[PDB]
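This document starts with one chain, in the form solved without the named molecule, laid out as C-alpha cells.
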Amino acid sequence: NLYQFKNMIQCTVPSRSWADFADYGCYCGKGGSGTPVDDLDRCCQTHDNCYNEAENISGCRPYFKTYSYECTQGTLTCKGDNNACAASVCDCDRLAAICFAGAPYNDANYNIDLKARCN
C-alpha cells in the first residue's frame, strides 16, 4: 500500500523527505501521462505501468493492498508469504524505491504543470 511504498522510499533514500517523490515530473505521484522529464520520472513511469499491470489481477488494488516486506541493513525484500497481487505490487514498489535511490533529483522538476507539460 502507499504507506508501505513511502517507507520503502524512506529506507532507500533516507537523505530525502519522501514527499519529494510524491509530485515530480509527469509520473511521480498523481501524474500518469506524457514524456518522462528525466531518469527519476522514468522510474515513476515504469512504477505507474507496473501498477496498471497489477490491477489486472482480480481484487488487486496497488494503492491499498498490504503486502509483506522488509527493509533491513540497506536491503529491501518482498517476502514469500505474498499472494500474486501482494508479490506483484511489492515488486513494483521495491523496484521503484531502488530506482529512485539511483536517480538524480532535479528540484526544477518538482510539482510541474501536468496539464501543460504532460500531454
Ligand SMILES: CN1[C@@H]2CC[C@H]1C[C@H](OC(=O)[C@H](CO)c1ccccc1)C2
The other form holds:
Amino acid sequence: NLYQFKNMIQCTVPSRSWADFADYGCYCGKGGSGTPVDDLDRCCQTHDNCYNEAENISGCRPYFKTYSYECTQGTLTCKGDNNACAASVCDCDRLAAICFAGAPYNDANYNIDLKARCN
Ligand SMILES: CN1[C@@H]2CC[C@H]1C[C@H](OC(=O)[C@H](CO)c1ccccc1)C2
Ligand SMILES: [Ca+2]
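Now that we've seen the form solved without the named molecule, could you pull up the form deposited with the named molecule bound?
Below, the chain from earlier opens the complete complex, with every other chain and molecule after it.
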C-alpha cells in the first residue's frame, strides 16, 4: 500500500525525505504520461506500468493492498507470505525503491507542469 511504499523509500533513500518523489517528472506521483524526463522519472514510469499490470489481477488495488515486507540492514525483502496480488505489488514497490536510490535527483524536475510538459 502507499504507506508501505513511503517506508520502502524512507528506508532505501534516508538522505531525502519521501515527499521529494511524490511529485517529480512526468511519472512520479499522480502523473502518468509523456516522455520521462530523466532516469528517476524512468524509475517511476516502470513503477506506474507495474501497477497497471497488477490491477489486472482480480481485486488487486496497488495503492491499497497491504503486503508483507521487511527493510533492514540495507536490504528490502518481499516475504513469502504474500498472495499473487501482494507479491506483485510488493515487487513493483521494491524495484522502484531500489531504482530511486540509484537515480540522480534533479531539483529542476520536481513539480513540473504536467499539462504542458507531459503530453
Ligand atoms: C495517492 N498517492 C499516489 C497518487 C497520488 C499520491 C502520491 C503518489 O506518489 C507516487 O506515486 C510516488 C512515486 O511512486 C510516491 C512517492 C512517495 C510516497 C508514495 C508514492 C501515489
Ligand atoms: Ca504516477
